[PDB]
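K.L.:
Residue-level listing of the chains:
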Amino acid sequence: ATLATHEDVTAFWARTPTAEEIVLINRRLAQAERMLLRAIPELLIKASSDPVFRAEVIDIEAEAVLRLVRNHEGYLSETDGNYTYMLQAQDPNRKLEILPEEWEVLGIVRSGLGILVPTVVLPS
Amino acid sequence: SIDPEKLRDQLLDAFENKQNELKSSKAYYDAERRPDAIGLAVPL
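Sequences listed follow chains Gd and Fc, in order.
Under PDB author numbering, think of the first position of the first sequence as 2, with each following residue one higher.
Under PDB author numbering, think of the first position of the second sequence as 6, with each following residue one higher.
If you're looking for bench data, these hints aren't it; they were derived computationally from the structure.
For each residue, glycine too, the CB sits at the ideal point set by N, CA and C.
Any given hint could be a false lead.
[Stated by the list, open to error] Derived CB-CB ranges, DEER-like:
id	chain 1	residue 1	chain 2	residue 2	range
1	Fc	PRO40	Gd	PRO119	19 to 25 Å
2	Fc	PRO40	Gd	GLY113	48 to 54 Å
3	Fc	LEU27	Gd	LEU123	57 to 63 Å
[Said to hold, decoys possible] Every beta carbon over 10 Å from chain Fc, so not counted as near; a handful from chain Gd, in silico:
id	residue
4	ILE41
5	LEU77
6	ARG111
[As the list claims (entries may be wrong)] Negatives, chain Fc to chain Gd, calculated, CB over 10 Å:
id	residue
7	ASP8
8	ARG13
9	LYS23
10	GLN24
11	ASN25
12	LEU27
13	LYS28
14	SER30
Between the sequences and the hints, there should be enough to build the whole structure, so can you do that?
P.N.:
Following this line, the structure appears as structure tokens:
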């Protein structure tokens, strides 16, 4: 099983999920863990013995799913004529991704200044 | 004292060893190809 759990995603997503949303969350968590491992091969080793690093990766997995399962039906507004709502204009997101600042929390930030080096083979 | 045949051998080897130095000055007077003369920007 993944380091974070559907109980972790439900700790942030105050609405308790239905069984369809539980199977969704279990696969999105597996995708988030698999994405972190491909960037940091040591992830499960660090998380075996560092108890604050466990809290980094678990809350970042739970956030990376939360921003994708929040309002996943895509509704703006709904009614039965006796009750109704409408939402703020949320971004219609379609992929799981981990922020530049979340990679800095995991300790693998990358710089935005790099160099192109001209080269020519020396003669003989 | 010294054998003329061993002396002929030992200094034909010294003569041949000197030619590997002299070629480094011949190459400038004859204007032979040199690695250091090839301008680097020119395509291969």
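K.L.:
Of all the hints given earlier, name the ones this structure violates by number, lowest first.
P.N.:
2, 3
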